[PDB]
Amino acid sequence: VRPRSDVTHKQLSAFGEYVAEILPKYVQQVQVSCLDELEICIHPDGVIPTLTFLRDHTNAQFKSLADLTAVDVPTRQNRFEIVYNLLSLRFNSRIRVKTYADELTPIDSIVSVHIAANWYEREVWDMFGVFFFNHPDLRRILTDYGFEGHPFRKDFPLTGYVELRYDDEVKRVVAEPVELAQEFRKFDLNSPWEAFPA
Amino acid sequence: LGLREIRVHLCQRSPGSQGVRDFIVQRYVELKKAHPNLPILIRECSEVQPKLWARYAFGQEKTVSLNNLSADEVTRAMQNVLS
Amino acid sequence: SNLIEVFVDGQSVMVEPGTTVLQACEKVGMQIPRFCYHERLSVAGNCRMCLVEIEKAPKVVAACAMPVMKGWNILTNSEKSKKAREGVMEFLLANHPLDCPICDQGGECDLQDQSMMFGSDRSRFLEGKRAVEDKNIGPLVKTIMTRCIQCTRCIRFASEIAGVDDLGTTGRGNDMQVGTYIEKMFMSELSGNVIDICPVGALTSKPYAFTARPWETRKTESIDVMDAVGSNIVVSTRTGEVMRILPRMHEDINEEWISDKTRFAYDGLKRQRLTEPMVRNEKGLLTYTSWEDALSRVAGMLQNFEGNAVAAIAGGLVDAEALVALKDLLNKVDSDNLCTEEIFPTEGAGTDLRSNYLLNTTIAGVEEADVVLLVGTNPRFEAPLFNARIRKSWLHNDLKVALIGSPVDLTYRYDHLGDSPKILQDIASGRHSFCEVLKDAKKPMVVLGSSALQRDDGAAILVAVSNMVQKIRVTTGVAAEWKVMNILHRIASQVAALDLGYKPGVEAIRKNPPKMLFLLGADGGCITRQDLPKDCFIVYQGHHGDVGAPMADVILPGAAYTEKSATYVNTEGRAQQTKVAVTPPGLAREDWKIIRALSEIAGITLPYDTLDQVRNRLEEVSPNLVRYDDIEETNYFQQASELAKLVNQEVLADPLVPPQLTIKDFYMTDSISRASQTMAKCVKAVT
Amino acid sequence: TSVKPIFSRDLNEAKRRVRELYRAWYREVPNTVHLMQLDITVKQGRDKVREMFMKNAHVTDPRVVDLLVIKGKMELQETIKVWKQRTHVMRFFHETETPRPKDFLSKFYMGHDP
Amino acid sequence: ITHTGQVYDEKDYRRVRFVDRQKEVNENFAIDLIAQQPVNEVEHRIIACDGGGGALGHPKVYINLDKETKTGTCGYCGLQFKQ
Amino acid sequence: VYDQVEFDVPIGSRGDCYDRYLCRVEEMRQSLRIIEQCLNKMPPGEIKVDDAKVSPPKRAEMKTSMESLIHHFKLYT
Amino acid sequence: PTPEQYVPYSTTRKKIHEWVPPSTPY
Amino acid sequence: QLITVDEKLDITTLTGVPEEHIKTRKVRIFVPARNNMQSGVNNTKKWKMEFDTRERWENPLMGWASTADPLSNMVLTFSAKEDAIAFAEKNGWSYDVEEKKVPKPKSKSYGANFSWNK
Ligand code: SF4
Ligand code: SF4
Ligand code: FES
Ligand SMILES: [Zn+2]
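In the order they appear, the protein sequences are chains C, S, G, W, R, D, q and Q. Using the entry's author numbering, you'd call the opening residue of the first sequence number 46 and step up by one each time. Using the entry's author numbering, you'd call the opening residue of the second sequence number 14 and step up by one each time. Using the entry's author numbering, you'd call the opening residue of the third sequence number 29 and step up by one each time. Using the entry's author numbering, you'd call the opening residue of the fourth sequence number 18 and step up by one each time. Using the entry's author numbering, you'd call the opening residue of the fifth sequence number 31 and step up by one each time. Using the entry's author numbering, you'd call the opening residue of the sixth sequence number 310 and step up by one each time. Taking the entry's author numbering, I'd label the letters of the seventh sequence as residues 98 to 99, 121 to 144. Using the entry's author numbering, you'd call the opening residue of the eighth sequence number 51 and step up by one each time.
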């Protein structure tokens, strides 16, 4: 059993209401998980406003952006779930603000609020395809220069569609449709028996 | 013009085909008796209006729609097909 | 009314009277852990691994057994019902031999998982274990019964689903071993289901002994083509060869069970299989060659000949799509000489109304019948999962079964009216005694097997049965949607063929011999090359070289139902779709394309060029083909009778006899079956 | 329906942007074929830009078109600068790969699954 | 040749590989090695089979040497035990 | 248990390449202080959770106890 | 304690076996 | 202000899939059945859509299975039939949904089989 300190569960819950009251407009759900973490959920339009309040509020200073990520739930209408994890060196605490974005409904960029996001937002565009308005320079960071397709999308094949080899005839590296010599063995692992939720 | 096959595709329990099935219920036996070799196919489509498909010689198929047509019009159209 | 309100942890799931504790949990959404209880098998209570705790009650109750009462609260995840599982799992595991890396029900174990989820982290059985003695239950089921958790599912299935009543418990104490007292093999169809139903890996499949392990197996859901019940099945393929075929549940057709033939004849699918398109050499011996050359051998002969000169004799196991591609093709050469090997009487309305040739009483209608008149077929060996239907409805409900055939082992108590087709007329006269039984019945059903029709007086046998169905219907005054007359087939591509307007019987080819014949998977002896014209130019279109291959001027290899997205239809017209589990082998190709391609080389190109297009083609010739899983309700029995009355034929005194008299008859029938080493081992075991 | 806009309210405005990008590429093709010493013909290259531009000609969704040029513009930048070395550019021409026939008879003769 | 007798054949297009380089096959094939193993006689109806060495063996199983008709064979060692 | 040890974070001023360097040399120094303690105070005990549910069972146990094999098989597979 | 390169190969067998044409001419 | 589009979100142009695998790939939306081997039903809950199976030729050097189809091992899981159908439409893959078939209620009672009568 982990050493839960209820002292925290309460204080963070109380902040969660605080934020919910301070920004009734964009906060849709707020919950302090049993893992002692707060995850305010905001309408995509509240990206700029909710972050700024957390970066610059005396009772909630959340100066650094730990991470910007986008889970992809294909079932969910709004496919991506942009998640921003923020830290407060002052109150030694953290909060995650997560929004929802669909493939062709872009989110605002927070490079203004935190310049840390300049790179992570480019990372989210390259892997998932979400677009960030007002970004200084959005362009693929991790994928190859000519890569077609957004890789971390759940609908993208792991091996991908193109692989590279050197061809003598043309004396230059050349893409070809992927031909794998041992396909990824897709072990089915889920067990047909569940675990009675505690 | 020999037609090897005559096919009737009567959708079931739908207002439009009522007349089409009425034809079968009343005169199918008659037709078959008369043309005792020709294969008259009674088939049941769905969400489609009835069609009297006819296959003429050398793989040519022809279509006559039976949507909302009376029992004798269906009889007349069938009789027109095997001339 | 009749809605007991009980709380599953407070959910107040209102259930009908007689709902068992477990059933309520299912409805609310939970699933009480369980070893001895199978939905279609009687409750036994042997394991007691399902103990739950109804609220305010001293002891925990047996879920599968207690009928839930009013006001109860089935606390499932309580501190008690977990000590009632943490302590049972202690016992099942205590005498268990830990050879999980031998037990090929490794990931397919309902006892490790339940242990990993409802069991304890460690063992306290510091004492010694027990061992039983492996015996022989047959050539299909490997009983390493030291694994057995004495859950008595087998003894139930072997008595309740199948009527074998052989397997039984022997002895008491911790050496109760559930094996045949004397070593008599468990020989019956429906036999392999024991494997699937034993949650432990005590008895498992001997052919699929150690070829794989379940996490690896990629599972593609497809349709049974060995028999005409069209049982749903899942083909488990690893790295591209089929490793096992196990049932998948279809309430109406095969409800979790499949035949011994259609799960051990996946091995037959892998040998004697045609792959490259050979063509005859100068000396006559067949020689391999590229498609282009083999196809134009056929196309050139096709352009030269026409009309009667060209024919087809479609064999069994040929998909509907291929059928419509072969008819369109032979129709563009002015030939309607398209015939199936199984002769269905076609002198009155046949093939024209779609009820003359279809079980009008859906398989799930055998459950709501009252008297069944089996005439001239052995269901046990012609439709094993329909014999089961009449098995369940004779046990749980009260069907009065009557057979007019050979007195034959039917796994149930039937009434043998006699072995003479004439007796049909007798009942029609009403003179026969059973007339009263039929008269007493309110929802009766006649079933005329296709094999009775395959005799020479089959036209007369169908007409005689239709007369009796007519007055049975009149005397009973049975309601219109209840349908007394139905006929069951034993060839997968017979209802589809008759549907597309293929005319049954090779009688037409017999009267005028075709210069060219394109056998389409036909391994039957319906027409032989001596019978054919001098030219005898015939080209086999199929998957296994059996009877049609060595007498074939061209070999155009095709695929099998594990290897194509084709459609089939069982006996009450439910069209179903096989999915491609494995890509077809060698240069072998899908049946529909070979014929679309031959047509392009010939020049009378068929309209479709992709399979959705061929599905659209099937729609224009027939409805069932495109709508899947959908039985066609209305039929026109009354006009069928009128034409039957016009037809006059004599039923010869020769008794009508099913060809599959005993089970050795059953194991090898079609091509894949014949090519089965497992079926061959089974055949010699019987002999 | 009822969908928020990205950069163009209507296909009309969006098409304006496509025109600009076409021009951009058109003006750039020659330079690339020289700064990358590519062994292609400018006329050929511009044809490629046309082909690629046309390949997506069917779209009529304002939002989809806007992203398409955003992406297109990004490709230009890379190509404008030398971020995309020749291997990258020539890939557009699919020079090494063997073309596959689309004729049914052709496929039948070669692949199990067409 | 090998355990399951792998025999790239005189006509295979793969036997090309060994040209100028030998094949990997095994002497003292195991198939015959346990067959060469004496039958472990025992007194008790049932016997264990740690594989020899406990933790350094196989998961312990108890074999029923109850019928002289058959010498139990632990599914792991292939050791026959003679009642 | 970085809570039970005692170390000094090496904070820096006039942050620049040289200052941070000095910080990295100082954490090399402070880590030796933390390592010393860990050697001085490491407890007798087990090195993996006892929940066969999460941690794989010991090999002597999986080769003599059925619940341990089942837990070994399921955990690895 | 007081030419020989391992050539890799598949050790499984033929699996699918094709039907031998009858050598008897007809 | 929002703009109006009646065009079925098709984003086939942005997904980045090769043309061949968007026009020749049929995906089936189905709820997985249960390996008859086990009686647990926790794998028959969520709908899955799976792309059509393709070539798996043997590899000459080692005999390993080899596949040229990228979308083979991909099976996406969708909670409801409506959502899965949506994924096929906007991605442009053809779909053929199969209705969930759930076990019919079955009446059971230990007392019933004890009936000598029947
Ligand atoms: S049954 Fe086979 S797998 Fe399941 S536990 Fe017993 S041994 Fe291990
Ligand atoms: S064999 Fe399998 S099914 Fe028959 S009792 Fe033993 S465990 Fe239960
Ligand atoms: S399932 Fe409840 S007793 Fe076996
Ligand atoms: Zn051993």
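No lab work stands behind these hints, which were simulated from the structure alone. Hints may be right or wrong, so weigh each one.
Claimed, not checked - Straight-line alpha carbon distances no greater than 27 angstroms define the calculated DSS-like cross-link-like pairs of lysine-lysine that follow: (1) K72/W / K60/W; (2) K119/W / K65/W; (3) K96/Q / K143/C; (4) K108/G / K350/D; (5) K132/q / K673/G; (6) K111/G / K360/G; (7) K168/Q / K96/Q; (8) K110/G / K350/D; (9) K607/G / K168/Q; (10) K154/Q / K199/C; (11) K32/W / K199/C; (12) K531/G / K212/G; (13) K119/W / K143/C; (14) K247/G / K212/G; (15) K168/Q / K199/C; (16) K98/G / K84/G; (17) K199/C / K607/G; (18) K531/G / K562/G; (19) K234/G / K97/R; (20) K98/G / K108/G; (21) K55/G / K111/G; (22) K70/C / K60/W; (23) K90/W / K21/W; (24) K96/Q / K470/G.
Now for the hints, and whether the structure bears them out:
In summary, the hint linking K72/W to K60/W is supported, as the alpha carbons are separated by about 18 angstroms, within the 27 angstroms threshold. Of the pairs offered as hints, the one joining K119/W and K65/W holds, with about 21 angstroms between alpha carbons and a cut-off of 27 angstroms not exceeded. In summary, the hint linking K96/Q to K143/C is supported, as the alpha carbons are separated by about 25 angstroms, within the 27 angstroms threshold. In summary, the hint linking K108/G to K350/D is not supported, as the alpha carbons are separated by about 41 angstroms, beyond the 27 angstroms threshold.
Simply put, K132/q and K673/G have alpha-carbon atoms about 59 angstroms apart, too far for the 27 angstroms limit, and the pair is violated. The suggested pairing of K111/G with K360/G is violated, with an alpha-carbon distance near 75 angstroms, which exceeds 27 angstroms. Using a Cα cut-off of 27 angstroms, the hinted pair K168/Q and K96/Q is violated, with the two alpha carbons roughly 40 angstroms apart. At most 27 angstroms may separate the alpha-carbon atoms for a hinted pair to count; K110/G and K350/D exceed this at roughly 39 angstroms.
Taking the CA atoms of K607/G and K168/Q, the gap is near 42 angstroms; set against the 27 angstroms cutoff, the hint is violated. Our distance criterion of 27 angstroms between C-alpha atoms is broken by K154/Q and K199/C, whose separation comes to about 34 angstroms. Taking the CA atoms of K32/W and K199/C, the gap is near 31 angstroms; set against the 27 angstroms cutoff, the hint is violated. Restraint check for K531/G and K212/G: the C-alpha separation of about 46 angstroms exceeds 27 angstroms, so the hint is violated.
Restraint check for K119/W and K143/C: the C-alpha separation of about 47 angstroms exceeds 27 angstroms, so the hint is violated. For a cut-off of 27 angstroms, the pair hint linking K247/G to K212/G is broken: about 34 angstroms separates their Cα positions. Distance hint between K168/Q and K199/C is unfulfilled; the C-alpha atoms sit about 55 angstroms from each other, more than 27 angstroms. Restraint check for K98/G and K84/G: the C-alpha separation of about 13 angstroms stays at or below 27 angstroms, so the hint holds.
Taken as a hint, the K199/C and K607/G pair is honoured in the structure, with Cα atoms around 24 angstroms apart against an allowance of 27 angstroms. Taken as a hint, the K531/G and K562/G pair is honoured in the structure, with Cα atoms around 25 angstroms apart against an allowance of 27 angstroms. For the suggested pair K234/G and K97/R, the alpha carbons sit about 22 angstroms apart, so the restraint of at most 27 angstroms is met. For the suggested pair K98/G and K108/G, the alpha carbons sit about 22 angstroms apart, so the restraint of at most 27 angstroms is met.
For the hint linking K55/G to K111/G, the alpha-carbon distance of about 24 angstroms falls within 27 angstroms, and the restraint holds. Restraint check: the Cα-Cα separation between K70/C and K60/W comes to about 56 angstroms, which exceeds 27 angstroms; the hinted pair is violated. The hinted pair formed by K90/W and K21/W meets the criterion: a straight-line CA distance of about 22 angstroms does not exceed 27 angstroms. Restraint check for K96/Q and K470/G: not satisfied, since their Cα atoms lie roughly 43 angstroms apart, outside the 27 angstroms limit.
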